[PDB]
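S.K.: These are the residues of each chain, in order.
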Amino acid sequence: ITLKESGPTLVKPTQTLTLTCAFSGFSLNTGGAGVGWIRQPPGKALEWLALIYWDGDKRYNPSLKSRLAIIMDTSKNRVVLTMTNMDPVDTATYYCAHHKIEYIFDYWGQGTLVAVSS
Amino acid sequence: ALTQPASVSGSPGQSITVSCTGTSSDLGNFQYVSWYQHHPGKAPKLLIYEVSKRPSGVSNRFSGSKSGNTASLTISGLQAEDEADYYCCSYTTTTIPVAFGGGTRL
Amino acid sequence: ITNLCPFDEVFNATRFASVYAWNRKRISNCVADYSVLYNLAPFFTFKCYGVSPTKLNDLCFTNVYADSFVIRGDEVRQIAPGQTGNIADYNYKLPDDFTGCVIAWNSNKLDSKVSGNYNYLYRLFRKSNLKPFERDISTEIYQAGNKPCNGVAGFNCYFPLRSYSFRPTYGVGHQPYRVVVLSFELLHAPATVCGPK
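Chains as they are written, first to last, in the authors' numbering: chain H, 2 to 119; chain L, 3 to 108; chain E, 332 to 528.
In short, the hints are calculated from the structure, not lab data.
We put the beta carbon where it would ideally sit given N, CA and C, even for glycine.
Treat the hints loosely; a few may be bogus.
Which chain E residues face chain L? A few, computed with CB under 8 Å, are given here [as the list claims (entries may be wrong)]:
{"#": "1", "residue": "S446"}
{"#": "2", "residue": "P499"}
{"#": "3", "residue": "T500"}
{"#": "4", "residue": "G502"}
{"#": "5", "residue": "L518"}
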C-alpha cells in the first residue's frame, strides 16, 4: 500500500498549480471512500482542503472553492489537483490520504513541499 | 476551531497524559475523534479511531478515552522515540467541516 | 441441493437503491443457513415478525426475496405490519399479514458524506395513497388543488422530490441505518431453498 504524488517544487506566484497523486491498490469496490489533500504551513495548524469519492462527487471546502479544481482520471491511474491564483500565504506541503468514515485519514504519503518563486 | 495544550511535558517512564477539548455547540461529535503521530520527514499514521479503539499492528501502550466535552489519550512507557506530535481531529458543523486543532509538542 | 446462494451480494453490495425505487433480487435453488448474519455488525434491531431467528435454520421456503433501502435515523420503527407514516403512506409499504422479517444495522461508515449525501431521494406527497408492494418512478410537477401549472415552478408548484443531507455529525436518530427485508412462505409450494440437515 504505497502513496506518492509529484509536483513542481518551484512555482511562480502567477502560475496555477497542477498536482498529480497516484495510489497503488485499494478496495475500489466500496462505499464512502475517497482521496483528499491536506496542507501544512510552517507552524500554526493543519486545515482541510478537499476530497473526492469514487462516485465522482465533488466536495470543495467553503471560502476556497473558487481557486481549486479536480481532474479524475477514472482509470485508477492517479488523481489530479489544480489550484488557481497561487497566494504566497499558502506556501506549504501537500499530503495525500485515503479518506474514510472510520478512519479520517487512514494512510498518508511522504509529502512534497512547494514555495513561491517570486 | 479546537483548543489543545500548546506544551506538555513530564517525567519519562510513566505519569503523562494529553487531552483535547472544544466547544460543544460547534462540534456535534458523539463519535469520530482520532489521534495522529507526526515525525520530522516521515508520514503521519493513525493510532486510535472511534474515541477509544485500537487498530491492528499498533503498540499496546497507546490508548485513551473521552468524557463529557473533554477527549484524551493515555500514553505509558516513555522511550527515546515517543517524542512525537499528537494531532486530534474531528468533524465540525460550521464553515470547514474538519478541524485539526492546535496539536501538541513533545 | 447446491452451493451457498449469494447472500454476499444482497447483504454486501457497494451501493443500495433509493427508498422511492427499491429493487428485488429473487433467490432460488440454494441451501442457505441463517448463521453468517450474526458475523456482520452490531444490529440496531433484529426483530422477526413471523418466526424466531434461532429456529429459522430448520425450515424450507417456497420462495424468498431481498430488498434494499436507505431509511433516515430513528424513523425505522414504522417498518412494521400496520404502522403508518410519511414513508408508510407515500413509499414502500407492508401488508397486514406479513411473513419474513427485517434486518437493520448502522451504515454511517459506508453511506455518509462530508456536507451530506444527495444521491438518495424520497417522495413526500402524492395524489392519493398506494397499496402495498408497488413502485412509482414517474416524476412530474405537482400543483396544489386549483391553479394549473406544468414545467414552471412558483407559488404552490414545486418538484415532488427532496434529497437527504445525512452528514457525519447528525448522530443517532438522523443516520442511514441500512435495512434488508425478506419474505417467506411456509410449505405452500415445493421448496426452492431449505436448510442443512
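S.K.: With reference to the structure, classify each hint as holding or not holding.
M.R.: Evaluation of the provided hints:
Satisfaction of the interface hint for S446(E) is found here, the shortest Cβ-Cβ separation to chain L being roughly 7 Å, below the 8 Å cut-off. Hint status for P499(E): holds, given a least beta-carbon distance of 5 Å to chain L, under 8 Å. The closest approach between the C-beta of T500(E) and any C-beta of chain L is roughly 4 Å, which is under the 8 Å cut-off, so the hint is satisfied. About 5 Å separates the beta-carbon of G502(E) from the nearest beta-carbon of chain L, less than 8 Å, and the hint is met.
The beta carbon of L518(E) comes no nearer than 45 Å to any beta carbon in chain L, farther than 8 Å, and the hint placing it at the interface is violated.
Hint violations for this structure: number 5 only, all remaining hints satisfied.
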